[PDB]
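**Student:** Take a look at the letters that make up each chain.
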Amino acid sequence: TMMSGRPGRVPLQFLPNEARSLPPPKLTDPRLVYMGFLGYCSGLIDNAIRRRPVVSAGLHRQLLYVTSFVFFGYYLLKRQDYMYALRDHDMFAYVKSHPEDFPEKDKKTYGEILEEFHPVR
Amino acid sequence: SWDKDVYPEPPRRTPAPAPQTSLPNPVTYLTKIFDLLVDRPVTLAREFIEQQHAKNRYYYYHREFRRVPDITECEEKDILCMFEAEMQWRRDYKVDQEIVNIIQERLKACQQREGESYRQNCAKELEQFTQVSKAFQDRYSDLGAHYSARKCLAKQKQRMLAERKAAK
Numbered sequence: 001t002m003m004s005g006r007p008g009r010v011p012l013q014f015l016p017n018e019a020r021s022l023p024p025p026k027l028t029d030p031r032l033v034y035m036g037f038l039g040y041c042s043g044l045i046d047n048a049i050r051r052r053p054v055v056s057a058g059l060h061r062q063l064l065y066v067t068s069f070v071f072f073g074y075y076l077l078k079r080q081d082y083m084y085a086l087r088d089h090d091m092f093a094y095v096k097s098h099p100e101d102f103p104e105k106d107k108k109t110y111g112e113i114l115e116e117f118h119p120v121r
Numbered sequence: 001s002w003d004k005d006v007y008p009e010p011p012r013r014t015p016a017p018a019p020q021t022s023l024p025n026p027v028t029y030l031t032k033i034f035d036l037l038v039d040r041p042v043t044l045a046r047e048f049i050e051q052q053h054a055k056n057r058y059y060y061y062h063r064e065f066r067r068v069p070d071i072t073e074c075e076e077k078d079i080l081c082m083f084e085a086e087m088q089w090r091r092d093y094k095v096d097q098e099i100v101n102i103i104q105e106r107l108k109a110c111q112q113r114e115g116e117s118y119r120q121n122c123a124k125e126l127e128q129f130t131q132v133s134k135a136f137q138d139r140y141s142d143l144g145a146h147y148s149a150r151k152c153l154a155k156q157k158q159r160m161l162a163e164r165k166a167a168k
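Going down the list, the protein sequences come from chains P and H. Anchor point for the first sequence: position 116 equals 116 in the working numbering, and the numbering is continuous, going up by one each time. Anchor point for the second sequence: position 148 equals 148 in the working numbering, and the numbering is continuous, going up by one each time.
Bound-form chain H, shown alone:
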């Protein structure tokens, strides 16, 4: 049920069977035996369980957090606003970690899927992960074990001052 856009997979191109020999193919008969002995019972069991699940269907919801004022707009020593903003920053930290995870999963799946042509046919995913890794490292790397919204803000300010100096 996973979204294809979030988890892209290249279209599957499977060569058609083109036997050139009289000898029976063992894999075909073994696979038919597997289908009959295993796949059919498994499919029937899953059919029964899915019927049971459909009999009592209940839903769970994905929580939505409204955006709250950031640390930049929080006054000094304003522990309420600082607490709200820091919790928001931590949630965003987790979300960015998950984003990096998704891109890395794309990377590994591409490495496996392409095969011996991984170096060339996986370039786009590698570029995506390179961009994401650079962004993530700049935003969150080196903050330390006691990472806080204030420290990330200070790092961003340091980076911006360095950029202004580069502007000269």
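In isolation and in its complexed conformation, chain P is listed as follows:
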């Protein structure tokens, strides 16, 4: 539904070449940092489940957790941004192509408009 049938959509492609025009997610993005935090929590939970020292054991394993989560999060953020940008692109194009459906409205200042006053008594 919605974007699934967008014309020109190559099947089973995570990131289309069109996305490269969009700015890449910054490596200091808060969302990516939160993904890394999720990876760290995953490592801590793994240590707890296996009854290892929670915060000191398996530093390589925790590093792998954080790196994998950040690595997938970067592409997930890129795809999310691409999809929202596609939505905005299509919305603006549709507004331009259908002027009647989205008519400009006369702007009336508050002096002209009459809004009834309901006294708080």
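You may find that some hints are simply not true.
[What the hints assert, rightly or not] Among chain P residues calculated to face chain H with C-beta under 8 angstroms, some are:
{"#": "1", "residue": "110"}
{"#": "2", "residue": "111"}
{"#": "3", "residue": "114"}
Hints in this document: simulated from the structure, not taken from any laboratory. Note that beta-carbon positions come from the ideal geometry of N, C-alpha and C, so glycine has one too.
Given the coordinates of chain P, work out where chain H should sit on it, guided by the hints.
**Tutor:** Relative to chain P, chain H alone:
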């Protein structure tokens, strides 16, 4: 240092002392004792502190806000102009509250100062406060807790339409 025009005080008429009895007046001697024991030391202390203040004198300034377009000239959903105009309206609301406060202070000071003749000799201040209170009530009363420039504008429009209907 308060302005006399903003805070009027009637000129002071103090009767001159006219003793008719030989007995010494206790109040006079007690007041002289007070002057010597208290007033002179207090005056000297304030002299010292004022000298110290004069040694390093620095100034503070009263901010001036330029008038900005009102809500009446702000288009619908124009949040920038609406924000500017609403902030101006709130500042004016505070200023009108302060004006009402000044008039009420005049009223109370007149009640105290006149004494037993307050009913007649305070009539002018009471009339001033009556006018100010009517104006303030008409402008801002009943707007509610969430008072806004738009609601005050709506109340003014309602009043003006009622006045036109009175014109018939």
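**Student:** Which earlier hints can't be squared with this structure?
**Tutor:** none
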